[PDB]
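Novice: Read off the chains here:
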Amino acid sequence: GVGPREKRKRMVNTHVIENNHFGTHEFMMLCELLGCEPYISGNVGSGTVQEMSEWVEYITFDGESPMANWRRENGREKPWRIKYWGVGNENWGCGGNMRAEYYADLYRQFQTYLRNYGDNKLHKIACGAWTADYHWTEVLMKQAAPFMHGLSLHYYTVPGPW
Amino acid sequence: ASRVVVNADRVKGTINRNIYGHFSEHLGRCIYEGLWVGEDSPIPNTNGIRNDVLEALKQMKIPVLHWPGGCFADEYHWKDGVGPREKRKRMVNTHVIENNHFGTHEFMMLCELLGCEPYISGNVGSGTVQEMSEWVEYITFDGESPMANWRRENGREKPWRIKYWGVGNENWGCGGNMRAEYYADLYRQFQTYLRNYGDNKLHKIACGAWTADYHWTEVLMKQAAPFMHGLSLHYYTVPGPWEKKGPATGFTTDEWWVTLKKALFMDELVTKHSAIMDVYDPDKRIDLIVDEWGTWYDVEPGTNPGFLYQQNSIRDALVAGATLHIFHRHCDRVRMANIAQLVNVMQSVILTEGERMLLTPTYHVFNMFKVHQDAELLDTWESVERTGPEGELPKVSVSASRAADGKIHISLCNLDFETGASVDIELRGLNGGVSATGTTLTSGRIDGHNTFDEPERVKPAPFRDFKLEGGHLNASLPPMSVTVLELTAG
Amino acid sequence: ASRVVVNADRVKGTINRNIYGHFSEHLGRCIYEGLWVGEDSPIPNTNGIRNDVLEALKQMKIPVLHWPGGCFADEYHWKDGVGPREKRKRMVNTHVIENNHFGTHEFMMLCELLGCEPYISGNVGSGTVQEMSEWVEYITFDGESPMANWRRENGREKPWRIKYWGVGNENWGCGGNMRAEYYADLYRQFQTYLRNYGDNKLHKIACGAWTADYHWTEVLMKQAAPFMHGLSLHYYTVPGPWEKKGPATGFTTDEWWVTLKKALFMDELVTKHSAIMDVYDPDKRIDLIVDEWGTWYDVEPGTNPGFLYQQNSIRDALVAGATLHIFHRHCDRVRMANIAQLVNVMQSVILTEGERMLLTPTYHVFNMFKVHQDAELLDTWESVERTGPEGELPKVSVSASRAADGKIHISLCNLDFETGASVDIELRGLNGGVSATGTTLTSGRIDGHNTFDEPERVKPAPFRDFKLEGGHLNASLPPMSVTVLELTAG
Ligand SMILES: [Cl-]
Ligand SMILES: [Cl-]
Numbered sequence: 084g085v086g087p088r089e090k091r092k093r094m095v096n097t098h102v103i104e105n106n107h108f109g110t111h112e113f114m115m116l117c118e119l120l121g122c123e124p125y126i127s128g129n130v131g132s133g134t135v136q137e138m139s140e141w142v143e144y145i146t147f148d149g150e151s152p153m154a155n156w157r158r159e160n161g162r163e164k165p166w167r168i169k170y171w172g173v174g175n176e177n178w179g180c181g182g183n184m185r186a187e188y189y190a191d192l193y194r195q196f197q198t199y200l201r202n203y204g205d206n207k208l209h210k211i212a213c214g215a216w217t218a219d220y221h222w223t224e225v226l227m228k229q230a231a232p233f234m235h236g237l238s239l240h241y242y243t244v245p246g247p248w
Numbered sequence: 004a005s006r007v008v009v010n011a012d013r014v015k016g017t018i019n020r021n022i023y024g025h026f027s028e029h030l031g032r033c034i035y036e037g038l039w040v041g042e043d044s045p046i047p048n049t050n051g052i053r054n055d056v057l058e059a060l061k062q063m064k065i066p067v068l069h070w071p072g073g074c075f076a077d078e079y080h081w082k083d084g085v086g087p088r089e090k091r092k093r094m095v096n097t098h102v103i104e105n106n107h108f109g110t111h112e113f114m115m116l117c118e119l120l121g122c123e124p125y126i127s128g129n130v131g132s133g134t135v136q137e138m139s140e141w142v143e144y145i146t147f148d149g150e151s152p153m154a155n156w157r158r159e160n161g162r163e164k165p166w167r168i169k170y171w172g173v174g175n176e177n178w179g180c181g182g183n184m185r186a187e188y189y190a191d192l193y194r195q196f197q198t199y200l201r202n203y204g205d206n207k208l209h210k211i212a213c214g215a216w217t218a219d220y221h222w223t224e225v226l227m228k229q230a231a232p233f234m235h236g237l238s239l240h241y242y243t244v245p246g247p248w249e250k251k252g253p254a255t256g257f258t259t260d261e262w263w264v265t266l267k268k269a270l271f272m273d274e275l276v277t278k279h280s281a282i283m284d285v286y287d288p289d290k291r292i293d294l295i296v297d298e299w300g301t302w303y304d305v306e307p308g309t310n311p312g313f314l315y316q317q318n319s320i321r322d323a324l325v326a327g328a329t330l331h332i333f334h335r336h337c338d339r340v341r342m343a344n345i346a347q348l349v350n351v352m353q354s355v356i357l358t359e360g361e362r363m364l365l366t367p368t369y370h371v372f373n374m375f376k377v378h379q380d381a382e383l384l385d386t387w388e389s390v391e392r393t394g395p396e397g398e399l400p401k402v403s404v405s406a407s408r409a410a411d412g413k414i415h416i417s418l419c420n421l422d423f424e425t426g427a428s429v430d431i432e433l434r435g436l437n438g439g440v441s442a443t444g445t446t447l448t449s450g451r452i453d454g455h456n457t458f459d460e461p462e463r464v465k466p467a468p469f470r471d472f473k474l475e476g477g478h479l480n481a482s483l484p485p486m487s488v489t490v491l492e493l494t495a496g
Numbered sequence: 004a005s006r007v008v009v010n011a012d013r014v015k016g017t018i019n020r021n022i023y024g025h026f027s028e029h030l031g032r033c034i035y036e037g038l039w040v041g042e043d044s045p046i047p048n049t050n051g052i053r054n055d056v057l058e059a060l061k062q063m064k065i066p067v068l069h070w071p072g073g074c075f076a077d078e079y080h081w082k083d084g085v086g087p088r089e090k091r092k093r094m095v096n097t098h102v103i104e105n106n107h108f109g110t111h112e113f114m115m116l117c118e119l120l121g122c123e124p125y126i127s128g129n130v131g132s133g134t135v136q137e138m139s140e141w142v143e144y145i146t147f148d149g150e151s152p153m154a155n156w157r158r159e160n161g162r163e164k165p166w167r168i169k170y171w172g173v174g175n176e177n178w179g180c181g182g183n184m185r186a187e188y189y190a191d192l193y194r195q196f197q198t199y200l201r202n203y204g205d206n207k208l209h210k211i212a213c214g215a216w217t218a219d220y221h222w223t224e225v226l227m228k229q230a231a232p233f234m235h236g237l238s239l240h241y242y243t244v245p246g247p248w249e250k251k252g253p254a255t256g257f258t259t260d261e262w263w264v265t266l267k268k269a270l271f272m273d274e275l276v277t278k279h280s281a282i283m284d285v286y287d288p289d290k291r292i293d294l295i296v297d298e299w300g301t302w303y304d305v306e307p308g309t310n311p312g313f314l315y316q317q318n319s320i321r322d323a324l325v326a327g328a329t330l331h332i333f334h335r336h337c338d339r340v341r342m343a344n345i346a347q348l349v350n351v352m353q354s355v356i357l358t359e360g361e362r363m364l365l366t367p368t369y370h371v372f373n374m375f376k377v378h379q380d381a382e383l384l385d386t387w388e389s390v391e392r393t394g395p396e397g398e399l400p401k402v403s404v405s406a407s408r409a410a411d412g413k414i415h416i417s418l419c420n421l422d423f424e425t426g427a428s429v430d431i432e433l434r435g436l437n438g439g440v441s442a443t444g445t446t447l448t449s450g451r452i453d454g455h456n457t458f459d460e461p462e463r464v465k466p467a468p469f470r471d472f473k474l475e476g477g478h479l480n481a482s483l484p485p486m487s488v489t490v491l492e493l494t495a496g
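Chains as they are written, first to last, in the authors' numbering: chain B, 84 to 98, 102 to 248; chain A, 4 to 98, 102 to 496; chain C, 4 to 98, 102 to 496.
No lab work stands behind these hints, which were simulated from the structure alone.
Cβ atoms here follow ideal geometry from the backbone N, Cα and C, with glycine treated the same way.
Take every hint as true, because none was put in to throw you off.
30 Å max Cα-Cα, derived BS3-like pairs, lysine-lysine:
#: 1; chain 1: C; residue 1: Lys15; chain 2: A; residue 2: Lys413
#: 2; chain 1: C; residue 1: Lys207; chain 2: C; residue 2: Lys376
#: 3; chain 1: B; residue 1: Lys207; chain 2: A; residue 2: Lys251
#: 4; chain 1: A; residue 1: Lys61; chain 2: A; residue 2: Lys169
#: 5; chain 1: A; residue 1: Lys267; chain 2: A; residue 2: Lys290
#: 6; chain 1: C; residue 1: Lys228; chain 2: B; residue 2: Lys228
#: 7; chain 1: A; residue 1: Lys90; chain 2: B; residue 2: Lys164
#: 8; chain 1: A; residue 1: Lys228; chain 2: C; residue 2: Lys228
#: 9; chain 1: B; residue 1: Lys164; chain 2: B; residue 2: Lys210
#: 10; chain 1: C; residue 1: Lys15; chain 2: A; residue 2: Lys268
Which residues of chain A face chain B? A few of them, derived with a C-beta cut under 7 Å, are:
#: 11; residue: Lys92
#: 12; residue: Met94
#: 13; residue: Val95
#: 14; residue: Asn96
#: 15; residue: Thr97
#: 16; residue: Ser132
#: 17; residue: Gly182
#: 18; residue: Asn183
#: 19; residue: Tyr188
Residues from chain B that keep clear of chain A, each with C-beta distances beyond 10 Å, as calculated:
#: 20; residue: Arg93
#: 21; residue: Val95
#: 22; residue: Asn202
#: 23; residue: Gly214
Start from the sequences, fold in the hints, and give me the full structure.
Specialist: Here you go:
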C-alpha cells in the first residue's frame, strides 16, 4: 500500500476487489486532516517480525535508512508521529486461531522490535478477549502485562443467532 | 601466609583455550574506528583493519571471537552485509552510522588474520528459519546453490569452516522477551535446518540464562538438551544499581570490594547452572559457554551513554584474573568464555583515539595468562587468607596449568589493594628440582589506568620477590597484583 | 600394577559412622529367633535378647538400627506393641506369627544395650497423624500426659532420646502406592505434628526413591525439602530377573561378575540422586540415607520363600566392601546407610539355628571396616587395573580414612577371584616414617561361606604380603580379598 499508486498490488474477484489505492500515506494524511490520532494494527497472523518492525521505521524514522528513504521517495519528507500500535487483532480467530498462551509469546516477541524513533513514543496494544473469554484476559495479563501499554476487547451487539 | 599444594603429577583436565575468548558488537565504535577503519583510511591497516590492534591481538593469542553477539545478533539480517561494499544497506541516525562495511566476508577475514576461531550468532528474534539456514549454506557449502554461488560472486571460492554457531542471543530480553518454554521450541526448530555441509561440523549453541535464572537453564536442558552442542550464560559485574552503576575510575574503597564480590559471584552461578546441566547431561557432553561477562560501569563523563565507552583500571585486571581462574576451576563443563568487549566498549583489552591505541590492564592479564590456553589443569589444594572489610573475600586466587612443552604456570591474584600477600607453595609429584621465572602486574593507585598520553602506567614487570627452596616456593605478592610464575623442570 | 596416591594431610570430610548401619523387620526370624528369644528362653539372653548376637554387634560397633523399616513400618500400629507383654495383640497366619512381644520398649532397650542410635519409621500408609504424633510423645515426653503416663505404667520412667524418625517407608509401593506429589503432601502434614519434647531433637526423614526413580527425588526436594532433615533411598543388588534371582552359593562365574556389576551401580544412583538434591539443597543440609541395600538372592532351597533366608559368601563380602567404599566417596551427602538385614534375612551379618549362631563374611567386613566409623576421608587419587570378562569392572576398590587417634586405615577389595592384585601406594603429606599392620579376608572357593558346622571357613587373618619402603607401600592382594592396613606415624 505504498509506492506509486498506479503500480501498487491488486487482488480482484467476484466469483476482495482491492486496488491498494488507500495505504499508509493516505491514512496518515487522513488523520492529519481530521486532527485525530492514528491507530494502526500490524500483522501477526500472516506477517513477520521484520515486516512489522519496518512499518514503524517507515512511518516514524527521521534519519537515513532504506525504509525512511523509501517514505521520502513516496512523497513524505518528515516522519509522522503515532502513539497507538496494535500488535495483531482477532488472533483467537481469523488472525491465526491462537491459544492465548501462544499469542502471548508472539505478542512479546513482535513488540520487542517496535522501536521509538525520533521523539515518537509508542503505546503498544495487545489483542484481548472476544466477548466473555475471561481466560484470554487472564493469560495475557499473567504472561505479557509488563510488555503492553494496553489490552483490547471485542463485543458486538447481535439481536439473534449468528 | 596462604598455604597451597600443587600435586604436579595430577592432571584434572584441559583448560579449553576458548575460555580466553572475546566478543564485539555494532553498538558503538567497537567495529567502527576501533578495528575496522576501511581500506582507504590514513591509519596503517591490512585490508581495512588497523595493524596496531591486529599485532596486539595476535600477540595475546585470541582463541575465538564472537560476532555479532549481544543484542545485535537478533537485530541483524546477514544479507545486508554481503555483496559489493559500495552498495550495501545503510542505517544512519542524526541525533548510529551503520554502513554494513563490516559483514560476513570481513569478519571471516579478520578471524583468519588473527588465527582465531569464528563464532557467529544468527537471528532468532527478528529473523526467519530460512534466513539462518541460508547463512550457514552461504558460509560452509562446497556445492552449487544460490547461496554458495553468491559467496563466490562475492569473492570467496572455497567454503569457510565454522564450528561455533549461536542460535539467537539474549532471547529472554532484547532478542524477543521470550519465555524459556518458547525459545526452546524455536531453538529446536531453527537448529534443525543448520546442516553440516562438506566436512564442516557445527557446534550448535542455545541461548542460556541471564544471571541466576536457573529456571531458564532447567527448561532448556529439559526440552532441548539432545539438540544442542553447547548452552550459553551471561553475567556482568556491576558495582551499583542498574540506574547508577558507578565509575571506571575515581571510585571508593567500598566500590572496590563490592566490584570483586560481584565478580566472584560467577563461581556460584557456574556451579549452580552446571548442577542443573549435570541432572539432564550427566556425562557433560554439552559445553557451558559464558559468552558475556566483564565489568559494566557508567560511561566516561562527556561520552554518549549508548556508546558504552569505559576505562580499565587495575580493578578491571583483578576481575579478569579471578574470573578466568573460576572458569579454570570449572573446565570440566565450561569450555568457552567471551569477555565484553574487544575494543572501546565495556571491559575492553584495547582503547583507540585516532591513530593512537593503548593496552588496558585487562589486555595484560589475557596476555599474561595465555600460557593456560589449551593447558592441563593441575590438582591444587589451598588454604587462603581472607581480606576485605568483613573478611568477605579471599586475599588470594591461584591456579596451576601444565603447558604442552612440560613447563608449569601458576597464576596468582592479590585482591587486597592495601597490602601485599604471602603465599607458601608446596610442589608434590615432581621429577628433578625446578627453576622459576616470574611476571607481575600491579599499580600505585587503586584505579591505576593507562591513557593515550601515559599508555604504560600499568604494564607487566619482572617478578623476583620469592625464594624457591627446591620443593617449597615462598612468594611475596604486591598489593593489587596479578602474577604468573613459570617453572621449568631440571 | 595399580597405582594409588594418598594425600595423607588432605581431609575430604567425615565418614558419618551411621553409614555402617543395619535394619531389621518382623520378617522371618529377624526379630523372632534371631534377636528376640524372650526372658525365659534356653538361649542365653539379656532381658529377652540373645547375648551371642549382642556381643558380636557390640564388637562390630553397630552405630544405628532401623526398625520397623521396609513394608512393615506402614502396616504397624505401635500401640499394639506396648502394655503388659502378656496382653498384647496377636496376629497369626497359618499358611507366620506376630505376638508383639517385641515392641517399642523392647527396641529402645535393645539400642541402649548395643549403644547404637534408634531409627524408627512411623506409619503413614495405614496410620493417622495423631497416632504418629502420640508415638513421639510416648517415647520422648518428660512431663505429665496420657501418653507419657502410659509409658511409665509400662515400666519406663524417664523418656528416651531418639534422633532418626522416618515418616513412612516404601510409600511408592506397599506403603500406599503413592505418587510423589501426594506422599509429599502427607509427609508435610504428618511431620508438622512430630514435636521435640524435653531437649530431644528429631531428625525427620522423608521416604525417598526406589532405585532410579529420579522423578521421586525431584518432586520430594521441590515440594518438601524445607520440612525434612533427611531423604531415604533404596537399591538392592539382584543378579537375575526378579522371578529367578540366582542362588547365594553354587553360582557360575558369570553370576559373580554380574553380581558385582549390579552392586557398583550404587555409585551411579547415589551420584544422580545427589545431583538432584544439589539443585534444591546446594549447601547439602539434608542427609541422603540409603536405608535399604544388600544382595537379594533366591532363598536357600527347601526353605519358605516368604522368609527370605539366604547364605553369605565371600561374594557377599565383596559387595559389602565395595558399596561401603562408594558411600565413603559420597560422605559429603550420604550420612547413613542400612544394610538389609541384620539376622537370618537377606544379606545378614549373622545367621542362627537355635542357640547356634555364625558370623557371615559380611559381618567380617563391617567389623574390619569399623575403623572408618566417624573417621576422616583422605584425598586418594588412583589408577586401577580393569578385571572381569569385558574389562568391565575395576580389579581394585580402595579407600583411606584417618582415625581420631591419628592412625590411618586403608581398605582394599580385589574383585578378581581368579588371581591376586598388585597395588603400589605412594603416601604424601606425612611427617615421620610409618609402620604398618594388615588384615585380610579371602577364600578358596568363589562361594566360600561359613556354616554352623564350620563357622570359621572364612574369617579375617593377618596380612603380611607387602613391603613398605618408608614412603611407597607395594602390596600383594589375595584373590577375592578384602583387606585393611593400619599405619601408625613413627
Ligand atoms: Cl580446542
Ligand atoms: Cl555421628
